[PDB]
Structures are given as C-alpha cells and as structure tokens.
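S.K.: Chain residues, written in single-letter form:
4 protein chains.
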Amino acid sequence: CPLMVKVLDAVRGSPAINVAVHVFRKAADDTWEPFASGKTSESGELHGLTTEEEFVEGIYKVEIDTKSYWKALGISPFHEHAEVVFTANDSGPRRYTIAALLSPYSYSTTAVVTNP
Amino acid sequence: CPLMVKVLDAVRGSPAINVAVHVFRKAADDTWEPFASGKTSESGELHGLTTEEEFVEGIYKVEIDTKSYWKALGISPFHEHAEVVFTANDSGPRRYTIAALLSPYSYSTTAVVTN
Amino acid sequence: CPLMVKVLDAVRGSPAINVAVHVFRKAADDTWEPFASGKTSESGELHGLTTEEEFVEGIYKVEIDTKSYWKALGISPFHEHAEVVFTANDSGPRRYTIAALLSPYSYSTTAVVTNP
Amino acid sequence: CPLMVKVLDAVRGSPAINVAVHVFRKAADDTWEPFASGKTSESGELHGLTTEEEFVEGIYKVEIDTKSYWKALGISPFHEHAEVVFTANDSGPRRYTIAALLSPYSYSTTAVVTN
Ligand SMILES: Cc1ccc(Nc2c(F)cccc2Cl)c(CC(=O)O)c1
Ligand SMILES: Cc1ccc(Nc2c(F)cccc2Cl)c(CC(=O)O)c1
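Sequence lines, in order, name chains A, B, A' and B'. A prime marks a further copy of an entry chain.
Going by the authors' numbering, the first residue of the first sequence is number 10, and it counts up by one from there.
Going by the authors' numbering, the first residue of the second sequence is number 10, and it counts up by one from there.
Going by the authors' numbering, the first residue of the third sequence is number 10, and it counts up by one from there.
Going by the authors' numbering, the first residue of the fourth sequence is number 10, and it counts up by one from there.
Be aware that one or more of the hints could be misleading.
Said to hold, decoys possible - Label pairs and their computed distance ranges (CB to CB):
hint, chain 1, residue 1, chain 2, residue 2, range
1, A', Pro43, A, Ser85, 37 to 47 Å
2, B', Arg103, B, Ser50, 16 to 26 Å
3, A', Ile84, B', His56, 27 to 37 Å
4, B', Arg103, A, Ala81, 42 to 52 Å
5, A, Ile68, A', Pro43, 42 to 52 Å
These aren't lab readings, by the way, just hints derived from the structure by calculation.
In this text, a Cβ means the ideal position worked out from N, Cα and C, and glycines have one as well.
Turn these sequences into a full structure, and let the hints guide you.
M.R.: Written out as structure tokens, the structure reads:
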C-alpha cells in the first residue's frame, strides 16, 4: 500500500487502536476533498487507505482523530487532532508511512517515505 | 501573552528563526478565520500573537510554515507545514506555549499550558 | 522476538539503516553486562537481538550508535548515542519494540510494549 | 549559564517540575564522573548547573530521573531515566539547552545550541 498510517500511544506504550484517520486531498480549487479514511487496527496500523492508482500526486492531509482517542481513555488532550499535510508523489510514486506518536499534550508525526 | 509559539530546528539544534506562523480561529461555519501571525524571532519564539482579551475559548489552528523554513536551508521537507489544532480551554488562568520541534521528515508539537 | 529496535532517520524520512545497537543488562553488582548487539536492517529494524529465554527480568540499556550513523552521512550530530534504559519483564514477559526517531540534534525513543 | 536542562511533561502539558537531573563528565577511564545536578524548577528548567570555566569540552551525560517523576504522578513509566549523552564542542561561543519532552513510554530530547 502506498499510504500507511501508524499511531502509537506514548502514555501506554501501545499501538493506538481504533483511532480514526481521515485523508483529504487538495482539489484544484484549494478545497480539501475527502480522499480516504479508516481506523487503526489492533497493531495501531491503518493499511489499505488507498491504492497506487488512486494515490496520485497532490497535497494530502491526514487528520488523525487523536482527541476521540484520548477522550475514550478519559484524558482531555490538548490537540483536536494530529495532522499531516504533505505533497505526495512529486518525483514519482512513493510508499508513505505516517507514524504519529501521541501524548495528551504532544504528538509527533513522522514520515517514512520509501521508493517502491 | 496568552499564546506563544516556539519553533526549534532539530537538524541544526537551533531556534528555527523567521518561521512564519499563522493562527486561525475556527469560525461558526467550520472555516478557519485568520486571527494572528508572525515570524519566529532569533530565539525561535513568536510572542505577542494575541492578548488575553482576544484569546477567547475556541478552536485554534496554528500553522507553522515548516516547508519554507526547510527550503531556506536547502533541505527537502516532508510536510507542507506543521498544523497545531487545539481548543483554548480557558478554565484559567492559562498561558499556552506551543513548541514545535522540526525535522525535515518529522515534527513534534507540544503544548506547555501553565498558570 | 521479545526485543526489537527500530530506528528512523527524521531528516531523510527513511529507516536508519546499519545503525549499531548495543544492549546491556544491569548485573547484580550494578555494572552493565553486554547483553546483545546488532545492526538495523534495510527496514531500520533490528530483530533477533535476544530470545524469550535469554531476555529475563532486569534493567536493560539499549545504546543506539546514532553518532556513527549521522557521521557516515556527513552530519555532526549532538548526541553520542540514543539510549533507552528500562526495566524489562517486571510483571512477566513482554514484547518490546524500541523506536528511535533520529535528528542530528534531537531524538525520541518510544517503547511499544505488548503482551505476547 | 552554558548548560540548561528543560523538562516538559507531554501528558499534562506542563513543565516537569522537581525532576532530578544529574550531569556527568566522561572520565579518562571511560567512567562517568558526577559533575552537576539539580531539580527542575517550577518552569521545568534547571539553571546554574555549571559555569563557562567548568564546562570544558568533553563527553557529558545528562541523566534525567524521569522514572521518579512519573511515579510521583502515579503513571507507570517505561524508562528508568532519560539519558542525554553528548560532546560539548566548544567551537564557540556555545549555550546548550537540553529539552526533554517526557511521556510515560516515550521521550524526546533536543539540544538547542546557540551563540
Ligand atoms: C517504516 C516504519 C517506521 C517507523 C515505525 N515505527 C515508529 C516510528 F517511526 C515512530 C514512532 C513509533 C514507531 Cl513504532 C514503524 C513501525 C515499527 O516500529 O514496527 C515502521
Ligand atoms: C531555547 C529553547 C528551546 C526549546 C524550548 N522549549 C521546548 C519546549 F517548551 C517543549 C519541548 C521542546 C522544547 Cl525545545 C525552550 C523553552 C520555551 O520557550 O518553551 C527554549
């Protein structure tokens, strides 16, 4: 899969399971078009968001619903979400792994970008 | 100073200077209304973005133009920007420091909320 | 494997390949006994450091040679290494994934700890 | 103040206050010689660890007792401590800020090296 989102809970040192992830793609008129969405699995990984055909060049935004995640665990987090906005596939198709490492008042988002 | 944005360069171990930061308040129609912006100073800090009177509860987005910063340094960045979206809670009093640690393919943002 | 070390290069958005990783275990006399070592693979992952039999309770230190890594890429990094010191298996055997996210002047080390 | 340690709590979004920090200098026999220590203040910062005269080039270890901090808060931590090991380079002048962002199962440490 060309786009994978991984979410870790840095409080529990665990995959962040059942985290909603929405992917949007910036349309020609600069709106965010819904591109794909999903939930992280039991491994904190979200696979199959898209395909190599569908995942064309563009600016993509990945909004990870970190607030609902923290809230379901009784935590009032700082952020509404963890975002990742990036140009994808500018110099040809890549595999993107987006790793979000979550704490209630901090997150980090990293891209592991590999050439398939 | 109820809101202060601090930006660090994890590649050079330095303040990320001259980083454009835009703050938006979520408007009733779910759109982002420009609220404040600035450039990080020589200390990587952006003060005076807002005032206590202006900084009411609401959802705020802090957009840090991390891409232009990395471009200015000649390093290919992953992200278009860093985008900190949060609810100002105002169960107070509260100062917000938003620290963004910046690497070309990674960033962290942390809120240090005090007082 | 009960202990896995993953290393990512946050500058290149890539696995940090061929990174030396040394694992020590705190002996009875508070010295660090060499426990295991290895290199991260092409995926930035180091598997097979140890086994469930060998990986008994203890305090373990994982020293990731981040300096040699950065130096081989022409970068003078801040840290000599990325360390992780933790008590392992205190309430029974666990799987530990240690993820180190590396920048020349910053690193983050996260543990994904799962119950096998 | 050539060396300043700052510790943040990523769980509470606060300075990590009263965090024990030990600084060691690597001795010629490859062992760690205690050099300086302190507790983070109410601002999560530990100043006055050393002086310019004392802080010569060398390999330093900053041990942040993250475990006791998490215990004091009732949260099971992963790490025994956070351990920042680095060469003071002294191609100068140089101030070192070591920021440690602290989560129970994760920490980041960043050096902001200025001047
Ligand atoms: C290609 C890739 C890159 C990084 C990670 N892990 C990762 C990371 F990159 C940041 C924080 C936590 C974790 Cl687990 C992973 C998943 C893993 O560590 O097994 C895959
Ligand atoms: C020179 C310097 C560098 C970083 C920080 N803050 C900081 C922080 F407040 C949280 C996580 C990382 C960092 Cl580096 C600070 C303190 C601050 O203004 O928040 C100073």
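S.K.: Are the hints correct? Go through all of them and say.
M.R.: Status of each hint after checking the structure:
no., hint, in the structure
1, A':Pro43 to A:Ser85: 37 to 47 Å, "44 Å, holds"
2, B':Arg103 to B:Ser50: 16 to 26 Å, "20 Å, holds"
3, A':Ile84 to B':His56: 27 to 37 Å, "29 Å, holds"
4, B':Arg103 to A:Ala81: 42 to 52 Å, "45 Å, holds"
5, A:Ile68 to A':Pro43: 42 to 52 Å, "48 Å, holds"
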